[PDB]
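Below, in structure tokens: the form solved without this ligand, a single chain.
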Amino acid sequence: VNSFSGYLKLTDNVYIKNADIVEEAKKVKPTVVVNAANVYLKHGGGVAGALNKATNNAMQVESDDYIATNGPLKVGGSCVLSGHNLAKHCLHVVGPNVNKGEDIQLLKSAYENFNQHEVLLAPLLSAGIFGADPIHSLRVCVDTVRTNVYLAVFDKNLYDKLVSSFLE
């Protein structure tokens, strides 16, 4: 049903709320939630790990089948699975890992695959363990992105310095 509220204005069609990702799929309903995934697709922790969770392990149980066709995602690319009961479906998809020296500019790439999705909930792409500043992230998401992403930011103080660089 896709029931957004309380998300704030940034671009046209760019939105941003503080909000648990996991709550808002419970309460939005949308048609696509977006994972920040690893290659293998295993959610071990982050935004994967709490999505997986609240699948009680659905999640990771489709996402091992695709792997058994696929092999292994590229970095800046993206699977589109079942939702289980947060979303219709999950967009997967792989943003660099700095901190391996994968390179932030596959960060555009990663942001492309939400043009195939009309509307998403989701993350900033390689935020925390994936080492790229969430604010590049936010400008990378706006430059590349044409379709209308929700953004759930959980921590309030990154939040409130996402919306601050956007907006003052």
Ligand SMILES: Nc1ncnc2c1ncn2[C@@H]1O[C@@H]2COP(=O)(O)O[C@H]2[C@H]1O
The other form holds:
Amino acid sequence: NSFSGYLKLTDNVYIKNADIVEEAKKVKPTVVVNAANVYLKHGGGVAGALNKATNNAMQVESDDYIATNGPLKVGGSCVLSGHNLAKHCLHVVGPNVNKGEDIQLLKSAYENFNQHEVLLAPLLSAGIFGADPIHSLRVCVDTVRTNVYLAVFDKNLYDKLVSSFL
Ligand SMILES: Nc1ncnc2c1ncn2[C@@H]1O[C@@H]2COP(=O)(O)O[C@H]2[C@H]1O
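Having looked at the form solved without this ligand, could you now put up the form deposited with this ligand bound?
Full assembly next; the chain just shown is listed first.
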């Protein structure tokens, strides 16, 4: 958990303009959060990036998890190995608002973070799932009470987030 170059937004939320994969490799966090879908198919976005960095080990583990336990619920999570990126990966499913899933479940999604004292995480539902990323940050700030280090790849978004949060 050797986080460096983060801006403290609140007592427990920190933000950095960084690639979450590179942060995971350099920080070796206890927990890295994956922005997952319910069948844990990590084919793009953050999930594809994290999986690629494990050379598909995350995908093979995820497939076995699903075969035994079934798909996650929207707003739900599971803890699996972090492989070379972290001790653990917390796979969290935010709502896909572009497919009509209720934005209220973004709170449920972030509530999963509170089972872990320190997390390296992306903003949830902000990729293909279509939630407004500034709104997602606000739900994060209002919901997560443990210590969360947010990696925002896109500098244009990072600047908007910092400006919106002041
Ligand atoms: N093919 C894909 N393209 C984009 N994101 C994907 C893909 N497969 C899995 N994902 C992940 O699914 C997540 C759904 O929530 P996010 O949009 O926040 O981030 C998304 C990615 O991490």
